[PDB]
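So you can see what is in the structure, the chains are spelled out below.
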Amino acid sequence: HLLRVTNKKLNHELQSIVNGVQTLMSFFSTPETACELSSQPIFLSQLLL
Amino acid sequence: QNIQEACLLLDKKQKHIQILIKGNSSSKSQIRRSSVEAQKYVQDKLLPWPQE
Amino acid sequence: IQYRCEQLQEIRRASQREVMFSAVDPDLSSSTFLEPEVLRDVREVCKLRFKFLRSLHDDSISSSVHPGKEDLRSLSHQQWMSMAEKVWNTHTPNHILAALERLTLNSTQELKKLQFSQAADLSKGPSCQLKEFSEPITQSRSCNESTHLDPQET
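For the protein sequence lines, the chains are B, V and X, in the order given. Be aware that the first sequence starts at 3, since it is given in this note's numbering, and climbs by one per residue. Be aware that the second sequence starts at 198, since it is given in this note's numbering, and climbs by one per residue. Be aware that the third sequence starts at 2, since it is given in this note's numbering, and climbs by one per residue.
Watch out, some of these pointers could steer you wrong.
As the list claims (entries may be wrong) - Cβ pair distances, simulated, as ranges:
no., chain 1, residue 1, chain 2, residue 2, range
1, B, 50, X, 64, 42 to 48 Å
2, B, 34, X, 106, 26 to 32 Å
3, B, 10, X, 35, 52 to 58 Å
Since the hints were derived computationally from the structure, they do not count as laboratory data. By construction, the Cβ of each residue, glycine as well, lies at the ideal position given by its N, Cα and C atoms.
Bound conformation, chain B alone:
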């Protein structure tokens, strides 16, 4: 039962790393391929000079 709880914790941390990195990468995507959401540029490389 302890091992089955530890397995659920491990699977939750594995899924949280996956979701955490997908969220992290959403900040780096260019606004042309993203739909109409107000993707205000975060990086200097995303601003039109």
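Given the structure of chain B, go ahead and fit chains V and X onto it with the hints provided.
Relative to chain B, chains V and X alone:
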């Protein structure tokens, strides 16, 4: 003699204006390259990691 | 990972704040409009770098290569790098760019004012009406005896 020294000063300042104009044109070109380099690093190196 | 997502989300929320910059009408006197913090900080970083560039230019025209000026230049460059990096960490890239656009607009209006002020002097024929050029600056009243011919004799 002061009129001659002032002419030489005018020529030195004129050469420096030419150097600055050329330097600013180069800097404008370098800012454009740095923007493309940063975007290319994000596309080629960062965006693939979620699949792995 | 979570800490990095929070940091980038804070920069995104900071980017969404619209920075109002005040209209540059030239005849409107002194009024109390507060300058945006980004415009002040970008202006001071650009002004520190301008003073550094000017010091390099004045030293290239004055053939007095005084050797004790290199250490002071390295310190001025490190002080600029630290302030510029502080500005890039305190303010959003959008606000820094908009502050630079405003600074470029101000510099373009200063040049146009200088063009209009010199054109009005050429159309007056030689009648010497020495009217009221009023304000500026200097007269450091100290100096000694010397005979200098008041040379605005026509």
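(request) Enumerate the violated hints, using their earlier numbering and listing them in ascending order. (result) none
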